[PDB]
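Have a look below at one chain only, the form deposited without ligand CYT, in structure tokens format.
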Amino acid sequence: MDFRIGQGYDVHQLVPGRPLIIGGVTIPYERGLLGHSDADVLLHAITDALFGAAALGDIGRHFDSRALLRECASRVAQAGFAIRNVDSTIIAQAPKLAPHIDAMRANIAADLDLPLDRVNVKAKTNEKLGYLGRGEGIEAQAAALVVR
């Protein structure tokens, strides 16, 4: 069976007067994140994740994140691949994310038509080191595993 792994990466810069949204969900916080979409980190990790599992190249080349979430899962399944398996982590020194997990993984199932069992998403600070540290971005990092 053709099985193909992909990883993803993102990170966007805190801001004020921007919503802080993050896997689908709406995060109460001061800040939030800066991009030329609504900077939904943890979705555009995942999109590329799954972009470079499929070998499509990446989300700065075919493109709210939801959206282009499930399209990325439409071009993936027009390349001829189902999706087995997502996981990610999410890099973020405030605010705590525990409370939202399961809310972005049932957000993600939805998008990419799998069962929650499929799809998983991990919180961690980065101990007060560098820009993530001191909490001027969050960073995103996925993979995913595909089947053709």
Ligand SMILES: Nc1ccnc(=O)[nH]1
Contents of the next structure:
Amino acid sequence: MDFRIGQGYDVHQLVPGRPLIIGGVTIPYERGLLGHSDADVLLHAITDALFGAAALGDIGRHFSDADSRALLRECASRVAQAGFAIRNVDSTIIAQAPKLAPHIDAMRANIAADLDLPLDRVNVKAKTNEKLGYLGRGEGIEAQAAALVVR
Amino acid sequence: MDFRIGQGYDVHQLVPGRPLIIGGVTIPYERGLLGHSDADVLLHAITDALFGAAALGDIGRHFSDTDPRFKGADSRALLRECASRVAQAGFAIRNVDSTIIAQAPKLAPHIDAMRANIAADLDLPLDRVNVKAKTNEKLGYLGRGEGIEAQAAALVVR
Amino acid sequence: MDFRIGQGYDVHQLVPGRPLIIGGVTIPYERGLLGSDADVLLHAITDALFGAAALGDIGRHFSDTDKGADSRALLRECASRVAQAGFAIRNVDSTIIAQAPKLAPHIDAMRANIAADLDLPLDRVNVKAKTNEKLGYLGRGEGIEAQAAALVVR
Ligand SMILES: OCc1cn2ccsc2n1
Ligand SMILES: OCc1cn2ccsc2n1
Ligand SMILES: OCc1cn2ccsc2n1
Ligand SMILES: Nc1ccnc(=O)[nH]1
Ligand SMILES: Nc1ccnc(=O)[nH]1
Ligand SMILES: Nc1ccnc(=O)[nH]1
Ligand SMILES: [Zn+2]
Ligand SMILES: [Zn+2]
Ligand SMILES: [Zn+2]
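Can I get the form deposited with ligand CYT bound as well, since the one above is the form deposited without ligand CYT?
Every component of the complex follows; first up is the chain already shown.
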């Protein structure tokens, strides 16, 4: 019936002395993402896609720059409050390193639990940047997301 | 229930001596976006998402940067023509979402006005239109303030 | 009804010595993409189809070991796995970002290839072309990016 689509984008720098947390998963690595929160680039992109589908603005407006899962849960709350139900989420992480493949199902599990969705409605994809640009040089990590909701 | 989705992308350089026009809003700034038309990166991205959802090709095709009739073209006029062609193809627009990526200036004070322009041009209520603002966290040409990028998504139904 | 959306991204470097193949179409150029055929557009569309189906990604379905298959063979196999998970493809839209060469003359051919491979009416497949306005590695002609979106229904 009243379907809406949303899209999200995020990028953070990789810096020494920070933990690397993506999709709620702490991944062993010598650098981590820099941000005012835990800098979970994946969760932020999904969050923006959800706000965007519900026409509620953006993550910058809702949570002025701690735990990104808490923010994702709050986002899901605001989406429900606006009268929408989430139908599915898809996403991509662009990181030259480290290897993300072993952690993906954990990420999906986290996101599914945070959005109160079954696993089959949550997806997370991994890509390198084929050594191009700042992502290619491992200076940051990007995430992209898409969300479908219904009123 | 014949739904279709589309996506769009655009980027333009930020240069001295040009109006900064994003989402139809003239924003006070010392630089502006360089292009053949008014170079409204956000409206272009949305226009491409709508043409894309309707499988009508793209804005480069409909409103060519090689055709002199679009020199300094009002991108809201282009967006309204896109919406007309989308309607004529048989599609109704259900919603639009978008992102602008810029180091500067601060876009937040202008976002609501952008949403209102897009809503007006697409004949949608405000609650079916969204615009989001992002920095690029200081990375790359966007982080260096060399250009501004926009992304869009649209849902339509035949 | 049970609609789902998916999105996809891909980028390959652009250097002398390889054919330029985008959307199944070989395009005369002084350079080409590095990868198989390195078909950036087919890869992104393949990723958006798997993501709409919540089946992971092209890296997981089609790794470097398992044959030699070109990117259209992968798109078709992608499409068959999507169907067995219960989903029908409703449409695909995409954008190729390349500073050069001119892609517009080749779009009809890419759409035809994609629609054939996905068994879709032509009017549910779209491909768009963008430059990067001379910004970044894309704008210096050091690589080509593709973006895709797909809608499916169970
Ligand atoms: O652009 C990086 C970024 C800023 N911000 C504010 C809330 S979540 C988030 N990610
Ligand atoms: O890539 C910048 C660009 C080209 N073009 C043609 C019509 S609107 C527009 N934006
Ligand atoms: O990053 C370029 C790339 C990697 N990969 C794996 C399967 S298809 C494909 N394209
Ligand atoms: N960093 C990564 C990129 C792509 N695939 C992975 O598994 N990891
Ligand atoms: N350029 C901007 C990025 C993020 N937020 C803003 O308000 N403006
Ligand atoms: N490389 C290209 C970018 C934009 N339009 C084209 O036709 N080709
Ligand atoms: Zn973030
Ligand atoms: Zn433009
Ligand atoms: Zn590829």
